[PDB]
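Presented as C-alpha cells, the chain that follows is alone, the form deposited in one PDB entry.
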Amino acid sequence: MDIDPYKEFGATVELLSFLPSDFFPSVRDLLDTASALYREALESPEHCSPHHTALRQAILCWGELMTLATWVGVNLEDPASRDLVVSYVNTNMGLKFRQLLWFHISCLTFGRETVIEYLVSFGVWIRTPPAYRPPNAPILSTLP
C-alpha cells in the first residue's frame, strides 16, 4: 500500500514540498500549539474531525518513536553513534512529523482551503528568484 496521508484531505506529499524543510516549526512548538488550542478536543471521546483523528494518531506515533529512540540510546554506549542516530531521526522522521503536525494544526485553525491556497502561494513566493521576491512572505493569519 502506497498511502499518502494527505490525499485523503486534498493535498499531497509533493504539495507540501513547496515549503522548504527549514520552514516548519519544531515538534516541541507544534505539540505546544496542539495542547494549547485543541487539547480538550483531542482527548474528547468524539470523532470531532478527520484532522482530529489524524492528529491524535500522529501524536501517539511520535510518542512511540521517541520511546524507541530513547530506549535504544539509553542502551547505546557510543555518544557519536547516538548523535548520528538522533540526527537521522530528526532529519527523516522529524521532518515528516513536523509536516504532518503543521498541516493538521493549520487546517484546524485557519481551514483546509486556506492551507492549500497558502501552499500554492508560498510555492510561488519561494520559486520567485530573490532579486524579484517580495520581502513580505505569505503567512496564515486571522487578522488584516
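Think of the rigid core as the biggest set of C-alphas that the two forms share within 1.5 Å after superposition. Numbering follows the first chain given and starts at 1. Compared with the form deposited in another entry:
- Superposed on the rigid core, the two forms differ between these two forms by 2 Å or more at the C-alpha of one listed residue only; from 37, 95, 42, 86 that residue is 86.
- With a cut-off of 2 Å and the rigid core superposed, residue 76 has a Cα displacement that reaches or exceeds the cut-off between these two forms.
Beyond the form deposited in one PDB entry, can we have the form deposited in another entry?
FYI, this one's just the chain on its own, none of its partners or other molecules.
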C-alpha cells in the first residue's frame, strides 16, 4: 500500500541508501545491543515511544522468519531446497531487518536529529573520490 517504514520518523529509503550495504552490522550484534540496553522497556505494557512500538514488531516478525527457517530445517527432506530457502532468507531478508534495527537502535541511543545529520555527513564522506577522501569516516559517539 506504498508504505514507507521511515517516513513517519523523518527519513526515507533513499536517505538510508547513502550508507553502503556492508556498513550495517549483523542481526546478532544488533539483537544483543537491543537486549542489553532496552530489555526492560521492550517488555513493559506502556507506549514508551513509536521507536519502541516499531522495534517490538520488527523483533517479532524476525522471530517468525527464524521459526520458518527451523521448520524448513526440520521438514523438506530435499537438501537442495533446504539450503536454497535458508540462504535466501538470511541473505535477502536479513539486510532489511539489519537496516531497520540499526536505525531504531541508533535513534533511541543518540537522537533522531543526530542520526539524520549523521546520514548526510556519511553520504558526503562516501561521495568524494578516494584520493581526496579524508582517512577517518564519521562515527556516532558520546565521547571525545
